[PDB]
Structure formats: structure tokens, C-alpha cells
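Next comes just one chain, in C-alpha cells: the form deposited in one PDB entry.
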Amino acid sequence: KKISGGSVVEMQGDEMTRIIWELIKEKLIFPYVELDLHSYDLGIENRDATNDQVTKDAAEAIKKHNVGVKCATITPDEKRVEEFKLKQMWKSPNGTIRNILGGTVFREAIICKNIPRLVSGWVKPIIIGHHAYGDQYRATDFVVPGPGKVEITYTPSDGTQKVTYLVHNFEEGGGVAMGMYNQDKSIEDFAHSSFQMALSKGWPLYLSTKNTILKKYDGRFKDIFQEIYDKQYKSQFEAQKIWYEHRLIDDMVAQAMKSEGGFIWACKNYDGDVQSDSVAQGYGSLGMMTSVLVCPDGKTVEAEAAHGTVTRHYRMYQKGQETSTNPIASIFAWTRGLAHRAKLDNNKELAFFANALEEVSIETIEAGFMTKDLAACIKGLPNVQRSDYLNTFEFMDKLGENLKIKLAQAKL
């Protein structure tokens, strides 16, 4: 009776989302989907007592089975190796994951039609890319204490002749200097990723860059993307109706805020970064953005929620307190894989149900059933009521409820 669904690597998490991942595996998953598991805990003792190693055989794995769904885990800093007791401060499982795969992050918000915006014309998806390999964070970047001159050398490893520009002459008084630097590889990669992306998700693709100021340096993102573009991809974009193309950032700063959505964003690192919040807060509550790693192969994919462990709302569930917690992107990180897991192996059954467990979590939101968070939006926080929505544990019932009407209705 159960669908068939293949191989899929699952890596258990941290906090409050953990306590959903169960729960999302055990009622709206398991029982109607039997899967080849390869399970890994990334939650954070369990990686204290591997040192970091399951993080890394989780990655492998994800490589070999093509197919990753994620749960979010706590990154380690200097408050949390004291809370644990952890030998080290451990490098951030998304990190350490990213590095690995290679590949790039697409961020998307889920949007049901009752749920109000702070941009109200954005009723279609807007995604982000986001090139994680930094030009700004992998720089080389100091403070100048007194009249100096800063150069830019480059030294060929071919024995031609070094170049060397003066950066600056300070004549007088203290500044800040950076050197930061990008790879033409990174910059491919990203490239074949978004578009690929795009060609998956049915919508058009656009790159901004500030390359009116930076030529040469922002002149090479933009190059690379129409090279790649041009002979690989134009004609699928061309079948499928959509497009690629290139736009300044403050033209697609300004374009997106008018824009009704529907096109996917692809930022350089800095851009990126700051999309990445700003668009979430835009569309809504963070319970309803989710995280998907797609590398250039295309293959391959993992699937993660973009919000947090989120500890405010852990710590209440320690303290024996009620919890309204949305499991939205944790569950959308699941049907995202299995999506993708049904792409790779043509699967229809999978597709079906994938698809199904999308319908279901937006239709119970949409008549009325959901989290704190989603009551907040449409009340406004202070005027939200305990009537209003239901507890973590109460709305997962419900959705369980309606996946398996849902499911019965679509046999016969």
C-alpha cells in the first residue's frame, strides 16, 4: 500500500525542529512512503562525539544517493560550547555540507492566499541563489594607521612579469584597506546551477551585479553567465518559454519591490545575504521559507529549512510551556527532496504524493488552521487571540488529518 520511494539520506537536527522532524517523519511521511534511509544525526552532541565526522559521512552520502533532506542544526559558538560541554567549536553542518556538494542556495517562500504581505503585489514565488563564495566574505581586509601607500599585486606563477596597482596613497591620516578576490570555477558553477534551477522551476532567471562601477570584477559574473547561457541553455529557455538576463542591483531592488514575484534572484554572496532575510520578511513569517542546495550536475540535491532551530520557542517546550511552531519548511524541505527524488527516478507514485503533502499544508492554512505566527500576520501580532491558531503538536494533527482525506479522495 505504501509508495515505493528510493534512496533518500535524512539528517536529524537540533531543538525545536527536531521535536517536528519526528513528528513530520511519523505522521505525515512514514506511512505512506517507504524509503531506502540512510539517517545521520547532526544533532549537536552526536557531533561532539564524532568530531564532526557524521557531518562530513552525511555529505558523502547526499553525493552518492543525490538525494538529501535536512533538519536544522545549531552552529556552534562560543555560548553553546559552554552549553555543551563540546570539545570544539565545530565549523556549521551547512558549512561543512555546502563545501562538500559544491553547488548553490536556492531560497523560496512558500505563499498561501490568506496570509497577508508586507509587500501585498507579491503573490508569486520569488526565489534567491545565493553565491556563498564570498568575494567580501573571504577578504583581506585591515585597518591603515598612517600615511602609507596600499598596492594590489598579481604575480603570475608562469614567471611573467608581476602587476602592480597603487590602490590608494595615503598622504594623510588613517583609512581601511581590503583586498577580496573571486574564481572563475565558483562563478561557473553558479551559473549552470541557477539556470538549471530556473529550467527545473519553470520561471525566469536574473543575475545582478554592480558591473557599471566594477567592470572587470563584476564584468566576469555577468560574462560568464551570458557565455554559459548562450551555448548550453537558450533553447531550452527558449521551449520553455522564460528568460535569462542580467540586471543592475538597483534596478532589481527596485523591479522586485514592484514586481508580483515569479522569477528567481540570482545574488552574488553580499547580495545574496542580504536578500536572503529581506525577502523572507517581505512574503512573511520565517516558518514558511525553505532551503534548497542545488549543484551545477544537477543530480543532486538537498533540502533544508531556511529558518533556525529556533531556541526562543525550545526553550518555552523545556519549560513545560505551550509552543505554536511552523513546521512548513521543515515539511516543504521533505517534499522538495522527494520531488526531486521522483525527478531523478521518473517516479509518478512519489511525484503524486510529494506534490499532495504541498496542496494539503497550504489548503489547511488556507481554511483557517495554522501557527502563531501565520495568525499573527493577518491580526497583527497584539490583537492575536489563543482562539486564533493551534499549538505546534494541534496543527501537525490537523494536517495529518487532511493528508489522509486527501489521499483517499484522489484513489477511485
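Positions refer to the first chain, counted from 1. By rigid core we mean the largest C-alpha set that fits within 1.5 Å across both forms. What changes on going to the form deposited in another entry:
Relative to the superposed rigid core, the position of the CA of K222 differs between the two forms by 2 Å or more. Relative to the superposed rigid core, the position of the CA of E188 differs between the two forms by less than 2 Å.
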Contents of the next structure:
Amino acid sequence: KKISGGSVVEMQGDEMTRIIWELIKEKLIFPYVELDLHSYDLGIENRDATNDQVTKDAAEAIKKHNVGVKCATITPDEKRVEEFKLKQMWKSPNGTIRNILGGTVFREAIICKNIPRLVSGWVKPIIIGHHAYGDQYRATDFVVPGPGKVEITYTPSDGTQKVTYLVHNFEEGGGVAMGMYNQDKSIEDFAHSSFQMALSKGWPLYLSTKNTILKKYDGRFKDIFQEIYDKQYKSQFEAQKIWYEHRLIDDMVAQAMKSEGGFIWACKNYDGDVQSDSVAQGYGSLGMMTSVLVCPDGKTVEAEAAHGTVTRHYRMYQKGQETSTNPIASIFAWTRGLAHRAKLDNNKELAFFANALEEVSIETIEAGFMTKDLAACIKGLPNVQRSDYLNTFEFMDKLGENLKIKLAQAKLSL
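Given the form deposited in one PDB entry above, what does the protein look like in the form deposited in another entry?
Chain alone follows, minus partners and molecules.
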């Protein structure tokens, strides 16, 4: 440890990403960077032991220190309750954190020149901002056990009126029902971040909704974006020869699929969650994408890997079999977090380190050293041989070597 990093909130995860997380710290961060590290273990076991209170604490710590880096976590269902002998099916730690912090989640592929895409046309990046607050992650769902009436009601805080809407009358048998909601202020912040991101990149902005189907719910997003565009941002867009356009999600996914890339895609929370996986895989790997939650203040960020804990690879790890799991997304959670840390503190040595590690990661892959997913992009999956890639440790070690070299050359330079 030499560079003085400052205050960072670290959230430990589960399964294969927890393995990779420790390797990143040991071989990449800790040798070169001293951090005041506020560490919260979001491993499923510690969440169960704390009644998921560690998750709320971690989110409050991020508010305090303005940067956090999160490892992927298990969101348990019934099967996970049985697997770990959990007390309850805990809520997604990502939902909990994003709903405490608010803001927009920006996701973008990590491009290496030698890696063929699955989608032939994307020669420019697609950047998905997605609203981080509300909707399905805050929803209230339940089983309808039998016949009866489901209603949803709104009571203003003065208690002077009540509006009851019929959801469904279940005449025969049961089913499921759910309420969900969003807030105007959170929607307004989301539009601002989306418009500002478009201007920062010089790219057109598209917002996707279902507003033809949900006329009030999605119509509110469409209206808030349009009001804020026509008032504040529309001339700035024209000055850069870019535009803002609302599209139906149906049209939007087809346009993106056939596009060349090079646009900002504003998504509702659920669409951004799902489409970012399609996009990341389309550029060739879920392991090559960045995800940063940018809070409305412009000060606080949470960087993360958007993919999951890679359970299938973890099961092989548990048997001693070789794994090749792409660490790049998890590494970029650290570099994006430290880069923001550096900016807040005007720390040039940290800013240099964060970019250096990003450069090493891409250069290493472009020199032919990669995990199996990326070799599968170059070859076909059925054509890949063991000699074509590196196991998770071998790849981390190669990154470690090249990082030491790159930082050694920087010190020698000038």
C-alpha cells in the first residue's frame, strides 16, 4: 500500500464473485493503494445474521462517504432459504441500496478490439441509464388464496378523502396481486441525469415506455421527460445536433437491435435491469460491462458489477474444478469507484491508478490473454480448448503482472 485512497465503502458479496472480489483486493488494489475502508459483508450469511440490517447500514455509509463498490449478492427465493437455512426470504440488497440512495444506474459495455460481438451492427457504445428507484423492486405482492376482491386505495395525508380503485374481483379460485409506485421527484432527477448524460457524450437520448398500455403510470415518465426537455435542455441538444425522442419499448428494443449504437437509452427500472443484460451479452459478455449508480446530488456514487454471483461456476469451484469467470466487471466496480473518489478529493495519484487498471485490463485481453467467455467470442464455444484461455486465477495473475509493469513504468517516466 502506497497511494492514499481515502474513504471507500466496500460491500462483500456471494459465491463466485466473492472469490473474485478477494483476489481483486489482494492482487490489484491493496498492494498499491491505502484505503480507509468501511467494509460491510453482504454475503447471504451475514445478511441473515443481521436481519438484513448490514444492508441498510452499508447504504447509509455510502451516503456518508459518497463512494461504494459492491460485489454481486444472492437475492434469495425459497430454494435459497433451504440452501442456507435462512430465517426469511430477504429482499435484494441492490433494491434496498438503490431505493435508499436514489438516482440513475448507468451501464455500458467494456469494449476490446479483438472480441467479436453477437450483434453485428453495434460499432458504437449503447449507454443505458435506468431509474434506480421504485417500481418492481419496491413492489408489494401477495398470493390471492381464493375468491374475493382486490382493491387499491389512495388516502391524502390530510385524511379528507379516499379514492378506491377495483384491481380485480376473483370470482373462482385464487391468483396473485401486487401494488407498485414511483415518485415524481425521483422521476425528475432521472430525466435530468439522462439529459445531462446525453450532453456529456454528445449523443441522442431515447426514453422507452409502455405509455399506450399504462397511460397514467408510464405517461407520467413521458410527460416529465418532455416538460424538462422542452424547458431546460432542448436548445442545448440542438446546439450539439442531437435530439430526445420517446419510443414505445416495443419499437425501442428493435431499433437498438438494428442500430449502430452511439445513443443514451433511458429505461424504467425493470427494463434497464433486463435490457442491460441483453446489451452486455450482445457486445459479447456479461463480464464486460460497467454499472454506476449516480445519485441526484452528483457527489455520491455506487459502482457495482451488474451481473450475478455466477452460481454455476461457483459449484464447479466447490468441486475443485477449474473455473474461468470474467472478473472485468467486478474490477471496473473498483476502478470506477476509486476514480470518483479521486475526483472528489482532487487526488491525481488515485485517478491515475484507476485509469491505469482499466487500461491494463483491456490491453491484457487485446494481447490474447482472456477468460473462457471471451475466447468463446473469438472462436466458437464448441471450438474452444483449454489452451485458448486462462482460468480465473491465471487471468487475475496476468492482470497483476501487467499492472505492476504499468505502474513501474509510470514511476520511471517523466
